[PDB]
Amino acid sequence: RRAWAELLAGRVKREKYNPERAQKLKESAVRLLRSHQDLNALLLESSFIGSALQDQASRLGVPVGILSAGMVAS
Amino acid sequence: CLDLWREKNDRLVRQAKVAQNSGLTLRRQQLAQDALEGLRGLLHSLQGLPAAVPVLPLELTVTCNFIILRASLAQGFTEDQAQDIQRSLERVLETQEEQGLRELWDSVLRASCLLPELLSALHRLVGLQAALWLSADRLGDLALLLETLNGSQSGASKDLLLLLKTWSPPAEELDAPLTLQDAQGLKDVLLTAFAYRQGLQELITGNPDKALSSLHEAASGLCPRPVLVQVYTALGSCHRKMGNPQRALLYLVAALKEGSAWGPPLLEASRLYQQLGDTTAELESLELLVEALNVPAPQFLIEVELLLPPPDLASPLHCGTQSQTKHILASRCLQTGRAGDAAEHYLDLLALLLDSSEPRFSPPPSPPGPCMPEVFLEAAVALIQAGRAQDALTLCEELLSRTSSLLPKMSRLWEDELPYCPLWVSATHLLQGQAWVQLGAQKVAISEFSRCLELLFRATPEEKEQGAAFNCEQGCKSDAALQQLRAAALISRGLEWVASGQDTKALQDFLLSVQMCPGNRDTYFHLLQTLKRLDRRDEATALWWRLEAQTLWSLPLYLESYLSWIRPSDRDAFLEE
Amino acid sequence: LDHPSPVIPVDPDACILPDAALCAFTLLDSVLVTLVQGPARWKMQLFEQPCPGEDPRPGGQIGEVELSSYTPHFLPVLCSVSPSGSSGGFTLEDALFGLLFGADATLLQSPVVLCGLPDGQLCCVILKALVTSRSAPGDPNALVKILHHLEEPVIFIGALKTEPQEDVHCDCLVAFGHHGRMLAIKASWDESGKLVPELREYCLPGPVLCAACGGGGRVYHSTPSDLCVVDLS
Ligand SMILES: [Zn+2]
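Each protein sequence line maps, in turn, to chains S, G and P. Reading the first sequence from the start, the letters are residues 19 to 63, 91 to 119 in the entry's author numbering. Reading the second sequence from the start, the letters are residues 12 to 108, 115 to 313, 318 to 437, 444 to 578, 586 to 611 in the entry's author numbering. Reading the third sequence from the start, the letters are residues 90 to 93, 113 to 180, 192 to 205, 215 to 293, 305 to 372 in the entry's author numbering.
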């Protein structure tokens with residue numbers, strides 16, 4: 019009667035919608051999936094892949110050609 | 012007269028298009044219904060006469076613009092539109108040159130092969146009616162119609178896709194009476210929609226190689242971002258089925274970026290990480306998916326969404342509500358052995374379900390999954406495995422409180444198969460007992476186990492004599508669940524007899540459990556440990572031979595998890611001794 | 090009713125969900141329920157209804173279903200039935225509520241919606257269960273269930289406090316046909332130590348035209364002849 023409500027009272031987080039928070043969540047999902055990504059095995063498996098190498102190049106501050114050729118050779 | 016009718020059709024088309032472009036949620040639909048009444052009355056006015064050739068391409072433009080705005084508002088095709096097409100087709104046929118649409122279309126296209134200047138309106142009619150047959154799943158004869166439109170000696174092309182590619186729009190659509198949509202704009206729609214449908218069907222029916230081609234076709238061309246997300250998600254699903262994880266993940270990332278609705282991608286991600294065994298990442302993906310689903318226009322035109330079917334349960338695009346996924350998280354957290362986290366998740370779930378009076382509703386899992394008592398049981402199992410037995414009693418007390426009026430009056434308890448008691452009542456007493464065990468109360472534990480056993484033997488859950496209500500179809504009926512649960516309670520009682528020093532009673536209970544469920548082996552381990560304590564040699568070997576003579587189907591999770599909790603780690607080591 | 113000749117034409121600003129095919133509707137606390145005709149399959153929907161005093165809006169549809177059982192003068196009727204603990217409907221008693229709707233409804237403390245149709249079928253829908261989307265379509269055979277099949281159309285559904293010995308906790312469930320098939324359901328718990336329902340399909344005279352429910356198991360109905368009354372107490 020009482021301990022039941024005591025369990026259940028502090029649980030709910032009524033909505034917390036916050037469209038600004040949504041993009042942080044989206045970025046965190048992308049970070050997780052890219053963290054499990056592996057580009058060498060990906061190449062071992091199109092325009093998506095070019096965009097992936099562009100993402101790596103944007104991270105490393107390198108012109109795409111260098112990283113593309115390195116991954117290709119490896 | 013036809014000047015007035017044509018100005019009226021053009022007026023209602025301008026009105027409908029103003030409604031599409033502008034307006035708010037009311038004024039849009041109000042203007043649309045006004046235009047719809049207008050086009051209905053104008054079709055009545057034109058059909059009142061025995062219309063000739065020059066009245067024909069205005070009447071057909073009206074009929075097409077009327078079916079469009081009918082189906083864009085109803086948000087789905089039906090047979091009134093098909094009968095209107097039949098009306099317009101007999102109106103074309105009885106001017107120049115009856116039974117049904119296929120032969121009527123063949124004869125009308127024979128008449129069009131005489132080249133009357135209305136082929137721009139005939140192609141538009143074909144677009145709408147091809148949309149209708151597609152959304153109605155009338156796939157075979159659509160090929161026949163389009164094969165009759167194009168050359169006849171290309172009849173060997175049974176595949177719809179090349180035939181739809183060859184089907185051209187007839188003209189550049191010169192200054193005719195105005196229209197809501199052109200046949201090329203219908204062609205691209207029909208292409209992507211049929212490609213999507215064929216791809217998804219091939220995925221669901223175990224062709225996740227054939228599906229890629231159709232889905233890449235649906236990607237290449239006019240593909241609204243909402244549908245592009247679903248395509249990428251289905252390609253992720255196809256790659257995950259083949260084996261290829263990395264291409265899958267790539268498509269899923271594309272879906273996340275492009276999407277404003279990124280639930281099904283994270284669901285598929287979780288289903289992938291489950292194959293790889295990266296359980297931590299699975300739980301993290303589901304944790305994100307819940308927060309994602311936390312957040313909550319109809320154009321007067323024929324778009325793809327109108328034609329795509331609502332998804333099934335086998336599909337990768339089924340994503341239920343926050344509650345129906347919070348239950349996935351909690352279930353998958355409990356199946357792995359993270360029961361503390363699972364307890365917090367399950368209490369969050371029950372808070373959502375039972376504190377839902379004021380705000381928008383949060384539903385329970387669907388009736389493939391567990392019934393609403395099974396959810397409480399799973400919660401209490403989790404709280405036991407955590408070490409929160411004094412909360413696993415308050416769960417069970419609240420469950421029996423709330424269903425008192427349903428419980429049997431246990432006067433058959435005095436009068437001692445016939446009476447009815449659903450499994451979850453017995454199971455409640457069982458968990459309620461193991462809680463007291465963890466708190467150290469032999470007497471009241473054995474009390475509760477005995478109560479469970481009485482309800483299990485002196486009552487039948489499978490009393491489908493009178494269908495009186497809603498009931499659990501599968502979980503709280505299974506004879507496998509009944510026998511496993513009998514065995515569970517016998518064992519949980521026998522261990523307390525062992526604790527008390529009543530090994531003969533313990534032997535009776537273990538023997539009975541072996542008689543009940545001979546294919547669990549926890550029974551045999553406990554029995555043989557007791558016989559090795561008391562009278563080793565002959566009886567032990569007699570049951571060894573039974574085991575090797577003997578040598586999971588669909589159980590509920592509260593039972594699976596109860597067994598995995600009570601079973602000892604040193605089972606096989608002792609059973610080879 | 091404040092509404093800032114005594115005749116007043118209604119402005120189309122007041123229209124909310126102009127579905128232009130809806131044949132019936134009802135209302136609960138913060139929720140609206142409609143029932144809309146189409147081709148062969150008729151379909152129940154469920155909308156928000158804004159709790160705060162605002163511009164009177166529908167909101168967005170929480171859920172839909174399709175009453176697949178119905179394949180077609193007499194409109195359908197809807198009636199809301201809530202249990203004790205959780215509104216223009218009826219509050220039943222826990223015994224009858226659990227007998228008719230089950231444990232899911234009893235635990236969720238869920239209101240239920242009874243739709244009586246011109247076929248004469250009398251179908252129940254639990255609301256909490258009716259939350260759907262384009263990614264999660266409602267399954268009819270799971271979600272809509274069928275109490276009783278009167279052969280003839282439905283006029284009235286109600287509930288009575290028989291044993292009366305505003306918020307009344309009813310014990311009886313009443314329905315009424317055009318031709319006079321009354322139907323009453325009650326809780327027994329009789330004869331085997333088990334909860335059972337007591338049905339009675341009575342057969343009153345007359346084409347019934349209207350009905351109501353008054354204090355203490357009385358049901359005022361009407362015929363083309365006279366206004367009559369029935370007592371179940
Ligand atoms: Zn169940």
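Hints were generated in silico from the structure; no laboratory data involved. Don't take every hint at face value.
[What the hints assert, rightly or not] Subject to a maximum C-alpha distance of 30 Å in a straight line, what follows is the list of computed DSS-like cross-link-like pairs (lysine-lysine):
no.: 1; chain 1: P; residue 1: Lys289; chain 2: G; residue 2: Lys504
no.: 2; chain 1: P; residue 1: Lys333; chain 2: G; residue 2: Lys430
no.: 3; chain 1: P; residue 1: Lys333; chain 2: G; residue 2: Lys491
[To be verified] Sample of chain G residues lacking proximity to chain S, with all beta carbon distances greater than 10 Å (derived):
no.: 4; residue: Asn261
no.: 5; residue: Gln291
no.: 6; residue: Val312
no.: 7; residue: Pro313
no.: 8; residue: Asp362
no.: 9; residue: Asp376
no.: 10; residue: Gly467
Using N, Cα and C, we set each Cβ at its ideal position, and we do this for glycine too.
Numbered hints the structure breaks, given as an ascending list: Hints 1, 4, 6, 7 and 9 not satisfied by this model.
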